[PDB]
Amino acid sequence: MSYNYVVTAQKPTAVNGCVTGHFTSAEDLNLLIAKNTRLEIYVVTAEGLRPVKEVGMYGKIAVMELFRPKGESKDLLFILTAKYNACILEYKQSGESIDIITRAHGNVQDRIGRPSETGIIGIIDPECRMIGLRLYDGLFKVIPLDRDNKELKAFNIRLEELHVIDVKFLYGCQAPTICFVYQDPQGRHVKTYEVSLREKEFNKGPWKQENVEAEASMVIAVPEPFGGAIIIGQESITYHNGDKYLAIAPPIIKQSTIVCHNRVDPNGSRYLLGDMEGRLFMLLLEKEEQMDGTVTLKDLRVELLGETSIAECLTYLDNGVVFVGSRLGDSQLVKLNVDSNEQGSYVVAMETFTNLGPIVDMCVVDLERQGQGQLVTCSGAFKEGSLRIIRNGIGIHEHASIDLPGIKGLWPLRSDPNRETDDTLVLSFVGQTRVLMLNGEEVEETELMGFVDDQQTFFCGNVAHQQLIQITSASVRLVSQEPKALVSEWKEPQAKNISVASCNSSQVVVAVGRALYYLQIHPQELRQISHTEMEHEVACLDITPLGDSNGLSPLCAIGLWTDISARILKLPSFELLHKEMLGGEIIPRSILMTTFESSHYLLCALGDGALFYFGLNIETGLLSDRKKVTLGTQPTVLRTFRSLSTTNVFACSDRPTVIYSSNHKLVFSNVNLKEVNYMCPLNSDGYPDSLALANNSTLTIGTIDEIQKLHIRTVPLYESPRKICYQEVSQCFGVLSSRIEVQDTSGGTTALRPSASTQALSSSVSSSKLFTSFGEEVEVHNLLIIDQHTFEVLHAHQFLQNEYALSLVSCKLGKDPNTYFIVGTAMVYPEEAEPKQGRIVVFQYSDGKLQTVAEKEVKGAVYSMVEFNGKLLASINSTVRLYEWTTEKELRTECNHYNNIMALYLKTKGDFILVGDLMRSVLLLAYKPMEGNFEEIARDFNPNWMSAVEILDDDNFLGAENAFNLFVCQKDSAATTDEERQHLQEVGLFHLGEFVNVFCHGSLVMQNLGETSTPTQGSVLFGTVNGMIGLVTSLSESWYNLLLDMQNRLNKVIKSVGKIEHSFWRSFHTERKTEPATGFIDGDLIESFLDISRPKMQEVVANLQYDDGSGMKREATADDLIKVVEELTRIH
Amino acid sequence: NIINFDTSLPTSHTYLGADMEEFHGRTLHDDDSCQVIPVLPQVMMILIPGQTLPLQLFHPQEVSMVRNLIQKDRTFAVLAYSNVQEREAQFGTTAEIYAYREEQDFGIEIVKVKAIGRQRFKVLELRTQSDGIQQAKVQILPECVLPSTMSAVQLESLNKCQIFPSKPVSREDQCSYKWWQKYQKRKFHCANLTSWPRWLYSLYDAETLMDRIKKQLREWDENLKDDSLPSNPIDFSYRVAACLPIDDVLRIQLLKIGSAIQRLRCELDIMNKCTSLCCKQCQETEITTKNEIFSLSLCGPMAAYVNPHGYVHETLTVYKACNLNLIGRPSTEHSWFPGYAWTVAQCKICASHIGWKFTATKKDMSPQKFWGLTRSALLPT
Amino acid sequence: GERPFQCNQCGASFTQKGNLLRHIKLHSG
Ligand SMILES: O=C1CC[C@H](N2Cc3c(OCc4ccc(CN5CCOCC5)cc4)cccc3C2=O)C(=O)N1
Ligand SMILES: [Zn+2]
Ligand SMILES: [Zn+2]
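Chains as they are written, first to last, in the working numbering: chain S, 2 to 1133; chain E, 26 to 406; chain G, 59 to 87.
Bear in mind the hints are in silico, worked out from the structure with no lab data behind them.
Any given hint could be a false lead.
To be verified - Restraint-style ranges between C-beta atoms, simulated for each label pair:
| id | chain 1 | residue 1 | chain 2 | residue 2 | range |
| --- | --- | --- | --- | --- | --- |
| 1 | E | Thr313 | S | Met931 | 34 to 42 Å |
| 2 | E | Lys394 | G | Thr73 | 24 to 32 Å |
| 3 | S | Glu936 | E | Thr313 | 27 to 35 Å |
| 4 | E | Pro193 | S | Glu936 | 23 to 31 Å |
| 5 | S | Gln852 | E | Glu309 | 47 to 55 Å |
| 6 | E | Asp294 | S | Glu868 | 44 to 52 Å |
| 7 | E | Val274 | S | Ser1089 | 20 to 28 Å |
Said to hold, decoys possible - No farther apart than 30 Å at their CA atoms in a straight line, the calculated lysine-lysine pairs in the DSSO-like style are these:
| id | chain 1 | residue 1 | chain 2 | residue 2 |
| --- | --- | --- | --- | --- |
| 8 | E | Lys387 | E | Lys373 |
| 9 | E | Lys373 | G | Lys83 |
| 10 | E | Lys281 | S | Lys1074 |
| 11 | E | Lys192 | E | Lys210 |
| 12 | E | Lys281 | E | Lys147 |
| 13 | S | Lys837 | E | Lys240 |
| 14 | S | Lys837 | E | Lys203 |
| 15 | S | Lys192 | E | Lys281 |
| 16 | S | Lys12 | S | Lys71 |
| 17 | S | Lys628 | S | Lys154 |
| 18 | E | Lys207 | S | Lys169 |
| 19 | S | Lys255 | S | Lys201 |
| 20 | E | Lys207 | E | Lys162 |
| 21 | E | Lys394 | E | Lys250 |
| 22 | S | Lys255 | E | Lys239 |
| 23 | E | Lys305 | G | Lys83 |
| 24 | S | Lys245 | S | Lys169 |
| 25 | E | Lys192 | S | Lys209 |
| 26 | E | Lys210 | S | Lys860 |
| 27 | E | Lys394 | S | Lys201 |
| 28 | S | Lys910 | S | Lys850 |
| 29 | S | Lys908 | S | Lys151 |
| 30 | S | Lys628 | S | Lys12 |
| 31 | S | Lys299 | E | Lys185 |
| 32 | S | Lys860 | E | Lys203 |
| 33 | S | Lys860 | E | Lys240 |
| 34 | E | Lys185 | S | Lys1074 |
| 35 | S | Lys84 | E | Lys185 |
| 36 | E | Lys298 | S | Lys908 |
| 37 | E | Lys387 | S | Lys837 |
| 38 | E | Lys185 | S | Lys142 |
| 39 | S | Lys837 | E | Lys315 |
| 40 | S | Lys860 | E | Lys315 |
Even for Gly, the Cβ is constructed at its ideal location relative to N, Cα and C.
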């Protein structure tokens, strides 16, 4: 009884693994990046990274290695998901279709076993003989690699060693050999085994066990001619090869331990290393030793290169460029230049890929346009901490406003030869054409001599030979720049009226009645070149020259009013190069041909609000490319404004859109506007590179924001941000941040780097008295004030020593008209375990200064804080306290409620309160206003790790729990038994695949009443650790049932990578139990219905009984669901 | 404040007999299952799994029942009576038989038996048999186990930084306030990705809670390091729950908790926030000093012992206890401590039977310094 | 003497009956 719909509004961005190899082709070098559920394939070029394929899998990529078995032209790919779904993929392309086929697949989990605390390790023989996997302690799962092993059948081998740290296959061995470092009560040792496939058991290793440093972490296998393994610890790096043994203890690497590595030379002569604090090392091996041709290691030099992002995984591309893949910061492409050495750093950043993870908190705010919200996240950690502002579509920033009574057409004009700047805007009404003049910011209306004042102007723009062509309704009367006299006037021979006008640089083709006459723009003349008649009425005409020449349009496509068909015909002739009958009924509204990024298209916009995009051939004929997008519900007029060094097209309709090309395919964005009827680019002197958009009620001039569907702006802080809240009265953001300061040998603290908290315009230090060794690092917590316009840190309040700021809320209390910044802190000491005392402090940003209005000392940790109908609801330890703000500017307690659980999470919906803890102990309260004490309604205790809460409705509650799941609880107040009304039934399960940190109410799409409203009620955003934004909305029963039928039907049609069943992945997963997902609709799968071919859409629809409109229409057609899924796509 | 006494005789239950018929425990329910298990009446005590119960059998019907159980699955169902009497109970524990003797003496039936709990259950119905021994509906309650709280958000790269070296030595100043700081800093290193601090995640850690409870147990009295304290959190939680001097409602609430971490948190809160003990009738008693609770046994401060005639009293051993009076002589034929002599200790105000005073019998011990209480009239406040 | 009087609920021992009866009524209620 939940009926929720979860969709991904922004795909995950954090990188958790990257490999290189000849995957797509034996000649190309690929960089494969796995974000989480998404696998991205790049091709490295001279400039940088060129994307090739973007494919998402039904799991969390946990192991990803490229191997080339003997007899294969290019490398294969082995992927193991978090649910133990192993698969082997091959890249295949046929001209233009790209598909990643699944060569082998299977499930490699065991019936019983405790998962290892170190995690999944996936290693492959260098000779490609088997795949080893360590999934459970005390067991090593070996997968034989054979052409006949299509189901990936594996056999377990017993490890006598319980705790294995890292394991890797050794290079240059006749028999397969592993070399692992493992833990004992006597310390850490390195051991080796010879895996035998015929015997299905281990053997004696090549070289005996050697005691290593007690902090050894990783094992790296050094290829030939070196051989052996290098073991990197927290203080020393050693090289074990049996007879050979060398070790160093460099002093550079002792600040932080190396966490990841990558080889840069094919023979293993140099290595890359990275640590937690994010600096790049370079381990150098010297092979100067050569006795009789044999090459052996002699020296183990280490050098420091520079400082990069906090790298989760490294990768060395060709020609000295290194991909520093970060998981809590922006990914990077650094360059290992050798001879610059600007100040002691060998690395220079080339690129920087956006990464929103981890998201710790977010708030939805309408920063620019009222009604449309924006997302401000707290992304990153340590020096990677920052704020990200996310908005949808390309906004228009208005710079002028003029009242125009329904202008039926806007065209630019340049009444100044040799000026290179527009001066007047030709606004055309139903019967009149007013030429508004604006040299600067004026709104004058200076009529041109050559332009008819009272005439329905259809086109008025500059023509060749310094002439201005004005093809009005009466006749196509030309003009000139200097003399301003009619050089030519091509009146209708039959005194007819022009219906469609299309004037180009050299040609001017107009249509009167059913006959179209093409008149070339002769020098100081109007000479016809061809004439023809159409079978039906000409709905629209489009004569636009393509690339090059720009003096003669190869084709001139026209629309038929009575036939609703588009035909492309040559300009100097009448033969139809191609014919298309896309759509019907409603007549076409506007025809246009574009050249987005050396790709030619011919877009036809019907009058029903659908755009029929289709490619075209410049030489002869045109393509079909049948694809319709409902870009609004009103007739659309297409205009082309470059404004980007790219063609671009503006779709003026009820919902404006800009059609741009991302890589090679047109992408449709949104313009954050109510309604634009006509648009025209005006490069005026007073409004340079502007875009005068004329609505149905007024005319405005502005500039576009960008050409991207999602725009993310980064405001770096160089410190970890925790919580964010928006104070609209003060127009500022309150951000809690904490920086690491090291305890030096002087009794004080010195910052590691200049942060956003030590570089504020003003500063303060909390001075309240209601209350080790050198090298130790402590956290200093601050409350920042960030401007809502410039995003500069206005203030930075610093809390007391050993005080942890946990909660932050911005609200007004009682009858006080001021809005306050209220912070709940907890004084923590290493000596004790559960905090004994904490403070509730109330700030106020007024006149650019932060002052403490009142502070309250409580005996506990203030875990969470909300506003409760003008009263403050604090959560001290395991008690929920209600505070009232008096007229003395002081808080007094009013209601206490001593729970048996510690109230981490607080939510409020009217008079209801939702309380939970990390143990997924959801508990609900209800405040009696007449009696003044909290009373409990329902309970739901279930031992599990819970990550977030949210109140979807008065009786539905959402949350995230262990194994990246989502659940919905619902109370049944209609039950007549008292034992049931005090229980929260679980009516929803789902395996999201992400660790949800924060739940927020709001949406990034503008909310309008819309009469018909929306098939989905409400909208809740959530941000995860990987840096993806979700969106969950409620559904109706019938709509949910139809969507579930669609979901079950799609699984039989679409092909997944790895042949992983969809129901298996989405089934609620936990280390002790599993069950199918119920009450949740996979939004991604449903929205993937638009991406399949027409025959697949036809096979999907057989009996879906779509006619829920009191009937059935069993057939249900195929365009009925397209309307249904479009509304589901418009919500984000 | 230490006496040369071995803390193994009271646990051995030698006052029953010496040539005990030891039976090997090789039983287990299949987990989450409907079951039917007989119940012995005339017992009013909540039994926690792992706790040893000493029972005395007098009536012929119950002796026949226990003999039949011996020639059957050696498990009965100890019922957990609530505040309301007349079999108004909802929970219980399965106790396994591992010792049986006759010791006829007077010789009617006479059975010596010791039982230890193994599993919990919730009873659905209480069926009464005409024989006199009732068999009730049993649904086995599984014991929930949870993984590490950071495994969900853990980084794959820094998973090698998860196997810590062994704890250096044990119970030393600045050898624990620093090693535990290092363990907290390195284990919950990924708490920065989430929205909660490291100490909050350490509040729900099993190992930290066990260490805190061990420190408190040492605070009560000197504990021999790993003095039979199990490493597994489930077993440690059950042992601590058995050794806590709390009333019936607190014990049944602890039994209702299904996860080890929640049980440890509840036990720690109980032993950190409850200090005052009451004398039921009386307003309060000198026993309010919880800091003087000793434990003269391996099992802990409390264990179950049976008197000569059927009834079983679990006792609390404390260092000092005022507000009491002595009636009778220091008898010694049935003291639960072999090297001690027992005396009837009566209350001084409400005169309700609680406690037994003990007198000196040997040299290397505590002369006239001993007290053994009971849950007859002691409640925590 | 052998004093057969003996409390069964608590286990208190008496050489007479009055205190045994008092203790029995104490156990009662
Ligand atoms: O440390 C302590 C503290 C005191 C505690 N006691 C003494 C006691 C009795 O003490 C008199 C007595 C002693 C011995 C018997 C012998 N039986 C055995 C079988 O039934 C018939 C004959 C009967 C009565 C009699 C009954 C109950 C208790 C009771 O709770 C105890 O036992 N151990
Ligand atoms: Zn008393
Ligand atoms: Zn008595």
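Hint-by-hint comparison with the structure:
1. The beta-carbon spacing between E:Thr313 and S:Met931, approximately 41 Å, falls within the hinted interval of 34 to 42 Å.
2. Checked against the hint of 24 to 32 Å, the pair E:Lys394 and G:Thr73 passes, with Cβ atoms roughly 29 Å apart.
3. Taken as a hint, the range 27 to 35 Å holds for the pair S:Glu936 and E:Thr313, whose Cβ atoms sit roughly 34 Å apart.
4. Checked against the hint of 23 to 31 Å, the C-beta distance between E:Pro193 and S:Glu936 comes to roughly 52 Å, which is inconsistent with it.
5. Distance hint check for S:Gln852 and E:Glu309: the Cβ-Cβ separation is about 49 Å, which falls inside the suggested range of 47 to 55 Å.
6. Here the CB-CB span from E:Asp294 to S:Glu868 is close to 30 Å, at odds with the stated 44 to 52 Å.
7. A hinted range of 20 to 28 Å for the beta carbons of E:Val274 and S:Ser1089 is inconsistent with their spacing of about 56 Å.
8. For the proposed pair E:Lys387 and E:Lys373, the alpha carbon gap of about 29 Å is at most 30 Å, so the pair holds.
9. Under the criterion of a C-alpha separation no larger than 30 Å, the hint pairing E:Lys373 with G:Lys83 is consistent with the structure, at around 17 Å.
10. Pair hint E:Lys281 plus S:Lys1074 holds up; C-alpha atoms about 21 Å apart against a cutoff of 30 Å.
11. At most 30 Å may separate the alpha-carbon atoms for a hinted pair to count; E:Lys192 and E:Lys210 meet this at roughly 15 Å.
12. A hinted pair counts as satisfied when its Cα atoms are at most 30 Å apart, and E:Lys281 with E:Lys147 qualifies at roughly 9 Å.
13. Of the pairs offered as hints, the one joining S:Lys837 and E:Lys240 holds, with about 19 Å between alpha carbons and a cut-off of 30 Å not exceeded.
14. Under the criterion of a C-alpha separation no larger than 30 Å, the hint pairing S:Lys837 with E:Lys203 is consistent with the structure, at around 21 Å.
15. For the hint pairing S:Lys192 with E:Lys281, the CA-to-CA distance comes to about 47 Å; that exceeds 30 Å, so the pair is violated.
16. Straight-line distance between C-alpha atoms of S:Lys12 and S:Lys71 comes to about 36 Å, which puts the hinted pair past the 30 Å bound.
17. Proximity of S:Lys628 to S:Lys154 is assessed by CA-CA distance (about 44 Å); at most 30 Å being required, the pair is judged violated.
18. Proposed proximity of E:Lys207 and S:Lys169 is supported: the alpha carbons are some 29 Å apart, at most 30 Å.
19. Using a Cα cut-off of 30 Å, the hinted pair S:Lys255 and S:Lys201 is violated, with the two alpha carbons roughly 42 Å apart.
20. For the proposed pair E:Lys207 and E:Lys162, the alpha carbon gap of about 50 Å is over 30 Å, so the pair is violated.
21. Distance check on the hinted pair: E:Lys394 and E:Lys250 sit about 26 Å apart at the alpha-carbon level, within 30 Å; holds.
22. Using a Cα cut-off of 30 Å, the hinted pair S:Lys255 and E:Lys239 is violated, with the two alpha carbons roughly 35 Å apart.
23. Taken as a hint, the E:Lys305 and G:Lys83 pair is honoured in the structure, with Cα atoms around 17 Å apart against an allowance of 30 Å.
24. Restraint check for S:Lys245 and S:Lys169: the C-alpha separation of about 19 Å stays at or below 30 Å, so the hint holds.
25. With a C-alpha separation of about 28 Å, the suggested pairing of E:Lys192 with S:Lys209 holds against the 30 Å cut-off.
26. Our distance criterion of 30 Å between C-alpha atoms is met by E:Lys210 and S:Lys860, whose separation comes to about 25 Å.
27. For the suggested pair E:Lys394 and S:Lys201, the alpha carbons sit about 67 Å apart, so the restraint of at most 30 Å is broken.
28. For the suggested pair S:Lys910 and S:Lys850, the alpha carbons sit about 33 Å apart, so the restraint of at most 30 Å is broken.
29. Using a Cα cut-off of 30 Å, the hinted pair S:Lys908 and S:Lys151 is violated, with the two alpha carbons roughly 51 Å apart.
30. A C-alpha spacing of about 25 Å is found between S:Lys628 and S:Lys12, which places the hinted pair at or below 30 Å, so the restraint holds.
31. For a cut-off of 30 Å, the pair hint linking S:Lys299 to E:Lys185 stands: about 28 Å separates their Cα positions.
32. With a C-alpha separation of about 26 Å, the suggested pairing of S:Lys860 with E:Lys203 holds against the 30 Å cut-off.
33. As the CA atoms of S:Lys860 and E:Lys240 are separated by approximately 23 Å, the hinted pair is consistent with the 30 Å bound.
34. The suggested pairing of E:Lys185 with S:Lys1074 holds, with an alpha-carbon distance near 28 Å, which does not exceed 30 Å.
35. Distance check on the hinted pair: S:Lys84 and E:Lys185 sit about 21 Å apart at the alpha-carbon level, within 30 Å; holds.
36. For the given pair, E:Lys298 sits about 29 Å from S:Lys908 by alpha-carbon distance, which is consistent with the 30 Å threshold.
37. At roughly 47 Å between alpha-carbon atoms, E:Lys387 and S:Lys837 are farther apart than 30 Å, so this suggested pair is violated.
38. A threshold of 30 Å between alpha carbons decides the hint, and for E:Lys185 with S:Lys142 the separation of about 20 Å falls inside it, so the pair holds.
39. Between S:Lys837 and E:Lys315, the direct Cα distance comes to roughly 21 Å. Compliance with the 30 Å bound is thereby established for this hinted pair.
40. Pair hint S:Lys860 plus E:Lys315 holds up; C-alpha atoms about 24 Å apart against a cutoff of 30 Å.
Hints 4, 6, 7, 15, 16, 17, 19, 20, 22, 27, 28, 29 and 37 from the list above are not met by this structure, while the remaining hints are.
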